Amino acid sequence: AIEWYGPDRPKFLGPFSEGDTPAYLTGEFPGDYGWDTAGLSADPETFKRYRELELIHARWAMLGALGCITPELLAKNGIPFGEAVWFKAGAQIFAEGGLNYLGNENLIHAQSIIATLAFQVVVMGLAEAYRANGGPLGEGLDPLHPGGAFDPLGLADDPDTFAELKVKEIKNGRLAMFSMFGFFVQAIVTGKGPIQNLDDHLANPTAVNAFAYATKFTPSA
Amino acid sequence: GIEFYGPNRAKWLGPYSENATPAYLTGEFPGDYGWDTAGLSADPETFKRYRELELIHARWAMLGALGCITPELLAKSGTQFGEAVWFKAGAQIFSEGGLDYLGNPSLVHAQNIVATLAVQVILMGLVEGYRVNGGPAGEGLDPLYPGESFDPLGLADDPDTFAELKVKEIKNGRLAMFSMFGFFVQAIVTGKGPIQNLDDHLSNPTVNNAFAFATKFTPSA
Amino acid sequence: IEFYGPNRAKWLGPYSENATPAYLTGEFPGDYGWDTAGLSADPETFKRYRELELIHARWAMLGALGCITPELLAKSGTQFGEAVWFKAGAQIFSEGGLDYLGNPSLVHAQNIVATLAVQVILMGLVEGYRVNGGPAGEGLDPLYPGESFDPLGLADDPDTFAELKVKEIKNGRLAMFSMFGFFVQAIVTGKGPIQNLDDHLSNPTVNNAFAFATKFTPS
Ligand code: CHL
Ligand code: CHL
Ligand code: CHL
Ligand code: CHL
Ligand code: CLA
Ligand code: CLA
Ligand SMILES: CC1=C[C@H](O)CC(C)(C)[C@H]1/C=C/C(C)=C/C=C/C(C)=C/C=C/C=C(C)/C=C/C=C(C)/C=C/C1=C(C)C[C@H](O)CC1(C)C
Ligand SMILES: CC1=C[C@H](O)CC(C)(C)[C@H]1/C=C/C(C)=C/C=C/C(C)=C/C=C/C=C(C)/C=C/C=C(C)/C=C/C1=C(C)C[C@H](O)CC1(C)C
Ligand SMILES: CC1=C[C@H](O)CC(C)(C)[C@H]1/C=C/C(C)=C/C=C/C(C)=C/C=C/C=C(C)/C=C/C=C(C)/C=C/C1=C(C)C[C@H](O)CC1(C)C
Ligand SMILES: CC1=C[C@H](O)CC(C)(C)[C@H]1/C=C/C(C)=C/C=C/C(C)=C/C=C/C=C(C)/C=C/C=C(C)/C=C/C1=C(C)C[C@H](O)CC1(C)C
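Chains as they are written, first to last, in PDB author numbering: chain X, 29 to 249; chain Z, 37 to 257; chain Y, 38 to 256.
Treat the hints as calculated values from the structure; they're not laboratory data. Even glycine gets a Cβ: it sits at the ideal position worked out from N, Cα and C. Keep in mind that the hints are not guaranteed to be accurate.
Which chain Y residues face chain Z? A few, computed with CB under 7 Å, are given here [as the list claims (entries may be wrong)]:
no., residue
1, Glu119
2, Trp122
3, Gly165
4, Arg167
5, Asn169
6, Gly170
7, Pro172
8, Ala223
9, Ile231
10, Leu234
Taking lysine-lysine and the DSS-like style, the derived pairs with C-alpha atoms no more than 30 Å apart in a straight line are [said to hold, decoys possible]:
no., chain 1, residue 1, chain 2, residue 2
11, Y, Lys84, Y, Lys204
12, Z, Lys47, X, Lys116
13, Y, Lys252, Z, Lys252
14, Z, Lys47, Z, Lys207
15, Y, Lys252, Y, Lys204
16, Y, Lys84, Y, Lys228
17, Y, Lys252, X, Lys244
18, X, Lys116, X, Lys104
19, X, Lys220, Y, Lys252
20, Y, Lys228, X, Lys244
21, Z, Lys84, X, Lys199
22, Y, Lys228, X, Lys104
Just chain X, same shape as in the assembly:
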């Protein structure tokens, strides 16, 4: 069981996964568990673009799953900055003094969403287009894992643990995408923060769960 590659590997149905795992999923990629029940990635070009899209979704979801928990995690310590939930965090731009980073007034404290939006558009278009094509740190390399200045700490060498950390990255990333979809729907249905949902679940699990909010979206008409 100590492998994430080869023909025999950990799979998404466990011991129920011999009749699954078709011929074009061979375990040659980080995170192959034989889950292609829909059959979306038969073509290896389609499979390559889906793997790239999945891994950049993994990176942005690992960024997001921590950036949504840290405002409520510093509201746990008692640092007050406007609002601690993530899905009502943008409106602090439109506050009486603007969105503050850590609440201390000598910090970022920007007020106009349109100017920082334009700055985000230009530098993120430049950075992501350098990610797709190439720029001043590496022109033609892997579209998945460039390295170079992306590994200043030297974890890209010794390629077996590079593959092992690739599987670790895609596993934590898939857990982060699952967590971020759960964050989205806990924001939609409950309307409170996810750490607040954790406090309400730890305070009373048996009556306050998702089935408590099961009758919310019932169409009355």
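Since the structure of chain X is provided, determine the placement of chains Z and Y with the ligands on it from the hints.
Coordinates of chains Z and Y with the ligands only, in the frame set by chain X:
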């Protein structure tokens, strides 16, 4: 008569469909009307996975349409249920007195939705891992039409009419899938049961059609 | 500039040569090398997605001009039942019928059911002719028939026909983008396209999109 296999068969545009059918839909599979105008199943393994998805969707939608029609018909005939309408039949577990199956308190009397969901997760994971791999009701079998434990009445024998029964299964399954989508959208925009909407459309069909609810989800508010 | 072949108009500017897939060589109109999600690798699926894209583009051009035309004509003197496009359908159930240009003797339609039925019949015939073939042309190109569409004879000279094709699909992609913009500007505001244009051109600082950035918040 009209056939459903071969080079000429029943097609999706009817008589205006001899140029319309794609090349890969040669008609060896049940329910091949040649409707792949978006080209989702041009690869044959994507087509195989989509056939499995369509047939399992078809069987679950047939069960779901029968279960959406059944307690409403029994309520309009004789039987006082807990909540016979299907999109409010879930919250009967929160009716403070149990979930009576046929309305009688001598029946299953369920009060805990977490245990009900948990035994459903256990039994459904077992049965679907049996469906994709094998188990006590057949090990090496067809993943979509196993037989010899799901045909105790022997209707898959004489395979020339087993092909006709495959086409009948996929056609009632596609009609039930369409009807389940109609059940969903009718539940969203009418708030009453499908049989209550049927009684409404049978009372006054000129204003109990869909266009009376056309201004309901208006973009102004 | 040439909109075909190896060097052409590309979606990430002058540096996109890693982002070009191998199957997007550029033998079709509007090829910018954008399939980074990779849904169109199969050439038959590429054919199907191209005809899907072109008819979505043409219907969204018609829909964009129909979103902007009666609202612009609402301020040019004539007044309809409803001027915005998302309430331009609901003027059937208003008392006094669907007048076309506001004049009560033009259409004056009170029945949406027979209107939809006549539309379903005629549109089913048109789309069955469009996919299969019919009386205004039997076997031709699936996307660019000729001899009954473009009757004015501008489809000849295949280099300017190629320029007309890439211009058609670019205007259509712009109109598809603007039709999606019309949909979201309908759902987050409730006021029409040129009504939101006057709302923007009145004072653009506060009445940009972030005036409605808190509308769909949960509770
Ligand atoms: C791309 C990631 C991203 C996400 C997920 C959000 C999320 C949100 N922002 Mg937002 N923003 C994001 C980027 C940015 N925002 C802003 C500036 C603001 C402002 C000023 C405000 C917001 C607000 C909001 C919230 C709207 C409340 C609501 O309608 O709840 C319903 C929605 C949910 C509960 C989440 C559901 C998830 C979603 C349906 C699926 C996610 C997929 C997306 C469709 C794809 C993302 C878009 C892509 C194309 C980039 C919403 C949760 C408002 C707010 O917080 O006050 C209430 C607000 O005032 N944002 C900037 C400029 C710096 C961004 C640039 O990166
Ligand atoms: C000869 C004429 C003929 C025509 C034109 C068609 C065409 C069709 N057949 Mg078909 N058939 C025909 C004869 C025959 N068919 C069949 C057997 C079948 C089968 C088994 C199936 C079809 C299906 C279809 C549909 C596939 C395209 C589609 O999905 O519509 C898409 C276009 C529309 C739905 C437009 C209609 C909508 C309306 C005009 C607009 C209303 C807008 C609303 C107000 C909503 C807008 C508000 C928004 C905001 C929500 C289409 C209606 C398939 C189907 O039923 O899919 C649904 C299908 O499964 N046919 C047989 C038996 C051999 C025929 C015999 O002659
Ligand atoms: C997977 C199929 C499935 C469907 C279609 C439903 C349907 C529903 N359940 Mg239900 N359930 C389902 C599974 C289960 N439920 C329950 C136990 C409950 C309880 C306790 C309650 C419900 C309630 C509801 C309703 C939510 C009210 C609403 O938002 O209406 C608006 C939405 C619709 C009318 C249509 C929604 C369908 C969706 C948009 C499209 C279909 C996509 C699939 C659901 C996703 C696929 C699921 C996958 C993971 C298998 C909704 C009609 C609540 C209720 O009825 O109270 C009034 C409620 O209290 N369910 C259990 C555990 C035994 C399930 C396990 O399989
Ligand atoms: C060299 C610089 C350059 C860059 C970086 C781009 C990149 C782009 N071009 Mg472009 N082009 C560039 C030059 C050129 N282009 C073109 C010709 C074209 C065409 C024909 C097209 C493009 C398109 C695109 C876009 C495709 C990426 C995308 O889909 O967005 C994905 C990323 C985002 C959407 C992020 C933006 C979100 C925002 C920052 C955050 C806001 C979040 C909100 C709060 C929402 C959150 C919701 C909440 C509630 C959940 C993108 C803007 C396509 C397009 O217009 O698609 C829309 C297109 O059709 N280009 C030419 C002519 C040859 C160029 C010449 O130099
Ligand atoms: C959008 C994100 C995304 C994308 C593009 C992919 C893409 C891929 N995954 Mg990954 N994966 C994801 C999210 C994603 N996955 C998440 C969140 C999980 C954890 C649950 C996994 C777990 C996972 C495993 C265990 C394996 C893959 C594999 C694969 C590959 C083949 C399967 C396929 O065709 O998927 C195509 C997927 C998409 C086109 C994304 C469609 C997104 C739709 C809208 C989701 C709809 C479902 C539902 C509405 C939302 C979730 C409901 C519920 C689960 C909460 C392909 C590269 C297999 C592989 O080959 O390894 C590399 C494999 O073994 N993935
Ligand atoms: C990383 C996974 C993860 C975790 C830890 C949580 C944690 C939580 N969620 Mg979230 N959620 C998630 C994913 C997750 N969720 C996803 C993917 C969805 C979309 C389907 C949701 C949708 C959702 C809603 C709509 C709600 C919650 C709620 C909750 C809280 C109470 C638990 C509950 O009601 O169960 C709900 C769990 C699900 C709907 C699916 C989660 C599946 C997990 C991974 C399996 C958990 C196994 C469990 C211990 C035992 C199951 C039976 C067992 C015999 C197999 C809790 C803080 C509720 C809340 O806010 O309470 C205050 C609430 O209203 N969640
Ligand atoms: C595999 C398979 C197989 C079969 O065959 C088929 C199928 C089924 C199809 C498949 C599956 C799939 C899936 C599961 C999917 C899912 C996905 C997801 C969920 C994603 C997310 C994804 C997600 C993501 C990225 C996310 C991200 C996030 C973010 C950025 C966030 C941000 C933020 C923060 C921090 C905070 C602030 O205050 C605000 C905001 C702004 C809000
Ligand atoms: C690149 C590189 C390279 C060089 O060489 C070196 C270095 C620098 C070191 C590197 C870096 C790295 C990084 C950055 C990383 C990061 C990561 C992350 C952040 C993750 C997260 C991650 C995250 C995650 C998973 C998350 C998860 C989550 C979970 C499960 C759960 C959740 C939840 C929910 C649902 C609900 C409730 O109510 C709450 C909770 C309970 C909370
Ligand atoms: C062909 C083609 C071709 C081209 O190329 C492209 C396109 C167009 C994309 C395509 C199309 C497609 C389609 C049409 C789809 C649709 C589907 C559906 C509707 C499904 C359903 C599906 C559906 C289903 C499964 C359903 C199922 C159901 C169920 C279970 C139910 C259950 C229940 C009941 C009993 C009652 C209670 O009280 C509750 C509940 C729980 C609610
Ligand atoms: C390219 C690519 C690539 C990569 O790879 C991937 C991806 C990203 C996926 C892709 C993308 C895609 C997209 C973007 C799509 C979009 C589309 C659209 C928007 C459509 C529309 C479309 C749209 C349309 C048709 C529209 C139409 C319209 C119409 C008919 C009309 C309407 C109207 C009018 C006016 C009149 C009245 O008053 C009302 C109404 C009735 C309302």
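Practice prompt. Would you mind confirming whether the straight-line C-alpha gap from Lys228(Y) to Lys104(X) stays at or under 30 Å?
Written response: violated (42 Å)
Discussion item. Hint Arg167(Y) vs chain Z: min CB-CB distance below 7 Å?
Written reply: violated (10 Å)
Worksheet item: Regarding the hint that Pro172(Y) lies at the interface with chain Z, is the smallest CB-CB distance below 7 Å?
Response: violated (11 Å)
Item to complete: Measure nothing beyond the straight line between the CA atoms of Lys47(Z) and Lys207(Z); if it is 30 Å or shorter, mark the hint as holding.
Response: holds (13 Å)
Practice prompt. With a cut-off of 30 Å on the C-alpha distance, tell me whether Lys228(Y) and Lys244(X) pass.
Written response: Holds, at about 29 Å.
Discussion item. For a C-alpha distance cap of 30 Å, please report whether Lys252(Y) and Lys204(Y) respect it.
Written reply: violated (38 Å)
Worksheet item: If you draw a straight line from the CA of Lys84(Y) to the CA of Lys228(Y), is it 30 Å or shorter?
Response: Not OK: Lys84(Y) and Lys228(Y) at ~38 Å, beyond 30 Å, violated.
Worksheet item: Is it true that the CA of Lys84(Y) sits at most 30 Å from the CA of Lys204(Y)?
Response: Measuring from Cα to Cα gives roughly 19 Å; hence the hint holds.
Worksheet item: Does the CB of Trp122(Y) sit less than 7 Å away from some CB of chain Z?
Response: violated (10 Å)
Worksheet item: Against chain Z, with CB atoms and a cut of 7 Å, does the hint on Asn169(Y) hold up?
Response: holds (4 Å)
Discussion item. Between the alpha carbons of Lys252(Y) and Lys252(Z), is the straight-line distance 30 Å or under?
Written reply: Cα-Cα ~18 Å, so holds.
Fill in: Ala223(Y) as chain Z interface residue, shortest Cβ-Cβ below 7 Å
Holds - the Cβ of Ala223(Y) comes within 7 Å of chain Z, reaching about 4 Å at its closest.
The structure is inconsistent with the numbered hints 1, 2, 4, 7, 9, 10, 12, 15, 16, 22, although it conforms to all the rest.
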